[PDB]
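Shown below, as structure tokens, is a lone chain in the form deposited in one PDB entry; questions about how it binds or moves come after it.
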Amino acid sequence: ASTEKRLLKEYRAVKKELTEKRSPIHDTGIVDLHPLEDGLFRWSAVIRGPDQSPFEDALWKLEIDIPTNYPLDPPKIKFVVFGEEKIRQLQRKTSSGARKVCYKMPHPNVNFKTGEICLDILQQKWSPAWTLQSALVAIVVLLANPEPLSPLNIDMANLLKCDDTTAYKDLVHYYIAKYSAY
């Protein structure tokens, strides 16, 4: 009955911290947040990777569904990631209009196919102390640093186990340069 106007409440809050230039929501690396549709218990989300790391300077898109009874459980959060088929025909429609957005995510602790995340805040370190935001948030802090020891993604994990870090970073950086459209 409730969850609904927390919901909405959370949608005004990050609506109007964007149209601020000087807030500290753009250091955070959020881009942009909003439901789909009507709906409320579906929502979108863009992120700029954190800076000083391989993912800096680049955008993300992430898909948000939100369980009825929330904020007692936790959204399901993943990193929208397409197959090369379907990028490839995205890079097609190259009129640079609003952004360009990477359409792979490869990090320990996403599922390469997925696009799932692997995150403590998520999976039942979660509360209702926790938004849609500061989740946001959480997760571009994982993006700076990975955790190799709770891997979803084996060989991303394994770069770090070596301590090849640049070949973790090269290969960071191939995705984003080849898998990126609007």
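Rigid core (definition): largest C-alpha set, two forms, superposition within 1.5 Å. Residue numbers count along the first chain shown, from 1. First, how it differs from the form deposited in another entry.
For the residue set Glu63, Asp120, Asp57, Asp155, core-aligned C-alpha shifts between these two forms reach 2 angstroms or more at a single site, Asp120.
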Contents of the next structure:
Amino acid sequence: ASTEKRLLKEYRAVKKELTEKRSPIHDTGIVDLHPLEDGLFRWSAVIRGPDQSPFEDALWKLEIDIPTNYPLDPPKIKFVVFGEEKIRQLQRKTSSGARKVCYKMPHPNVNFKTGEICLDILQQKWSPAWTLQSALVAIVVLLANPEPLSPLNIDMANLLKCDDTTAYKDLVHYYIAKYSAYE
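With the form deposited in one PDB entry already on screen, would you show the form deposited in another entry?
Next comes a single chain, given without company.
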């Protein structure tokens, strides 16, 4: 009812900051945001990997599901992850000057198959004062600051726990270099 009004206001707030060369939002990592289909309760977003992280200078797509009691409860958010077959089919249609996105997300707090982000991350931080923008920013932060406390990817979390930085970086670089395509 009125939750739609709030969601719309937040969306417009993000759109305003986006269509502009230097609002601060450009250094937060938010690249795009829009309704998934024709409703205000499912969203598609695009974010950039934060500077000085192994994820830097690469784009990822996100899907966001909004609860009915919003903003009493946080949004559920996942990375868009495709199968190797699909990705390779997408790569044969690509252009050498298009917008390319990586469709695999190797990260301690992300399910490598489904793309799901651990509910802990947002549940521990979220409050009714938060917005969609702050959630996106929170995920960009998460890319630079994983918490090995709540792992969905064992190998990455352990690499981090053993402080094997080089292998971590090399793995992320590998998936960025091999599993990216247009759109």
